[PDB]
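Spelled out, the chains give:
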Amino acid sequence: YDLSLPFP
Amino acid sequence: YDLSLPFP
Amino acid sequence: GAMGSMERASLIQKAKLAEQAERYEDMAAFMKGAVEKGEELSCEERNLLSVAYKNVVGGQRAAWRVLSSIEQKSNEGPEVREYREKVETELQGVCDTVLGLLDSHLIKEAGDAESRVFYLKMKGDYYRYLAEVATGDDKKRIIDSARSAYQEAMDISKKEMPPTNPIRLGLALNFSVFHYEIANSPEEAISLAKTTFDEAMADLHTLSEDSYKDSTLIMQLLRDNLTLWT
Amino acid sequence: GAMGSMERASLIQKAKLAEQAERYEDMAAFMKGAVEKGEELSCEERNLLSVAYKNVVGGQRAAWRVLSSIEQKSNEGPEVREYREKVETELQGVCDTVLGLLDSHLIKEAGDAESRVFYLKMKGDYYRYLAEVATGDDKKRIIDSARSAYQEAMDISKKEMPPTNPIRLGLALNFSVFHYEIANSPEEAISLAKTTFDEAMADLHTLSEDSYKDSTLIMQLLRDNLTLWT
Ligand SMILES: [Cl-]
Ligand SMILES: [Cl-]
Ligand SMILES: [Mg+2]
Ligand SMILES: [Mg+2]
Ligand SMILES: [Mg+2]
Ligand SMILES: [Mg+2]
Ligand SMILES: [Mg+2]
Ligand SMILES: [Mg+2]
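Chains as they are written, first to last, in the numbering used here: chain A, 511 to 518; chain B, 511 to 518; chain C, -15 to 214; chain D, -15 to 214.
For the record, the hints were derived by calculation from the structure and aren't laboratory data. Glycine included, every Cβ here is placed at the ideal spot set by N, Cα and C. Errors might be hidden in some of the hints.
Unchecked claim - Cut-off 20 Å, straight-line C-alpha distance, at most; resulting in silico cross-link-like pairs (PhoX-like, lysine-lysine):
(1) D:178 / C:0
(2) D:197 / D:143
(3) C:57 / D:142
(4) D:70 / D:123
(5) D:143 / D:123
(6) D:143 / C:0
(7) C:197 / C:143
(8) D:0 / C:70
(9) C:178 / C:142
(10) D:143 / D:124
(11) C:21 / C:123
(12) C:70 / C:21
Claimed, not checked - Ranges between beta-carbon positions, derived for each pair:
(13) C:6 / D:212: 24 to 30 Å
(14) D:66 / C:212: 43 to 49 Å
(15) C:53 / D:42: 43 to 49 Å
(16) D:59 / C:24: 45 to 51 Å
(17) C:120 / D:88: 29 to 35 Å
(18) A:516 / D:144: 46 to 52 Å
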């Protein structure tokens, strides 16, 4: 977690 | 607001 | 309610897990279920109840302020008013729920000063949150209900608790905020915060290291408001 | 549903207000209502739908991790498992709701690359969130569903979008994270992030000031993961 895109 | 006790 | 089939002890345990998970709506539902078991609450349990609803209503109050501000700018379609009203109604419902729990029957059965002052302070707090969103006629009665609850709590705390007692200090802080923010009485707010601070200062010498830390923390909050107000 | 009686435009307006108020469950309900009007979503509307559910599921994922960690420590009463299961089921329900909206009928009607890639990336994302909490047999099928959605999105984005396109970049970032965190394929994760970064770097010279800012922001996220992984 927390590695992905932080917005759409 | 935000002047009151910040915990119980 | 929906928690009727769960053990009291399981509700308390899950309230604590919900707190760790920052799931405050769940936490409030668990603590509501615990109150509805009908037994009195311990000191730890009272604080779990208050933490839960404080966080729920705190989110609602923050949202209501954002929407009310947009609505007031909008008046310098019905959607902003509708949605502000929706959030307001939800906020009022949470406050009514908390006040219902205090009235059924936490305050009635609270005989010790630490529990009765805690609950009466909560009653003042949640009437105060109702007052923040109230307007006409209702606002006057809600304000008086808040005042009456705080005043009874104050009377008990001055008779039964030392002036450094953190429950007493937190009640004085919030009653002072009531005077300043709700009741249009800034001079009473300042007088109450100053007298509270000064009387606690003079009692600090009696306190252990840990009690000293707890009392001075709230004294600093009183000082912070006095600095803002004077 | 409950939003059936509200105008599409009113739902979109209220979704925007709910975003400003940080009322993301409301925002998701409003955007769900808008999708269920049956018309396609604009670029702005797609992003409102995604912001809403990302925040809802993000809270659930954070809570699930806290509870799963407490549960695993607990195994070095049934309450921790029960409450973790409750949150897990709620998380799965949100993911199923999002996947339902994409399947009824956002993806089917999405013909342009910008919309179809966006929705297929979302489908991969929400299967990925299901995979984070899945265990046996189901986990394999969920992982393959995530992979298939991301792969179709990748195929379209490489044919139809420039290598600096922020939708393409964000999809590559998330597919790379899928490889690393879900599919036990760190080398594929690294290869995909590096090739994506390098191909975007070589196209930056074509970009306006504002497009440059958008693309380099996501390139930095790719770099951040590469630094963590290598
Ligand atoms: Cl509304
Ligand atoms: Cl539970
Ligand atoms: Mg029992
Ligand atoms: Mg109203
Ligand atoms: Mg004066
Ligand atoms: Mg219409
Ligand atoms: Mg399960
Ligand atoms: Mg290697």
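Hints versus structure:
{"no.": "1", "hint": "D:178 / C:0", "in the structure": "44 Å, violated"}
{"no.": "2", "hint": "D:197 / D:143", "in the structure": "23 Å, violated"}
{"no.": "3", "hint": "C:57 / D:142", "in the structure": "45 Å, violated"}
{"no.": "4", "hint": "D:70 / D:123", "in the structure": "19 Å, holds"}
{"no.": "5", "hint": "D:143 / D:123", "in the structure": "30 Å, violated"}
{"no.": "6", "hint": "D:143 / C:0", "in the structure": "51 Å, violated"}
{"no.": "7", "hint": "C:197 / C:143", "in the structure": "23 Å, violated"}
{"no.": "8", "hint": "D:0 / C:70", "in the structure": "15 Å, holds"}
{"no.": "9", "hint": "C:178 / C:142", "in the structure": "15 Å, holds"}
{"no.": "10", "hint": "D:143 / D:124", "in the structure": "29 Å, violated"}
{"no.": "11", "hint": "C:21 / C:123", "in the structure": "33 Å, violated"}
{"no.": "12", "hint": "C:70 / C:21", "in the structure": "31 Å, violated"}
{"no.": "13", "hint": "C:6 / D:212: 24 to 30 Å", "in the structure": "25 Å, holds"}
{"no.": "14", "hint": "D:66 / C:212: 43 to 49 Å", "in the structure": "46 Å, holds"}
{"no.": "15", "hint": "C:53 / D:42: 43 to 49 Å", "in the structure": "26 Å, violated"}
{"no.": "16", "hint": "D:59 / C:24: 45 to 51 Å", "in the structure": "34 Å, violated"}
{"no.": "17", "hint": "C:120 / D:88: 29 to 35 Å", "in the structure": "46 Å, violated"}
{"no.": "18", "hint": "A:516 / D:144: 46 to 52 Å", "in the structure": "25 Å, violated"}
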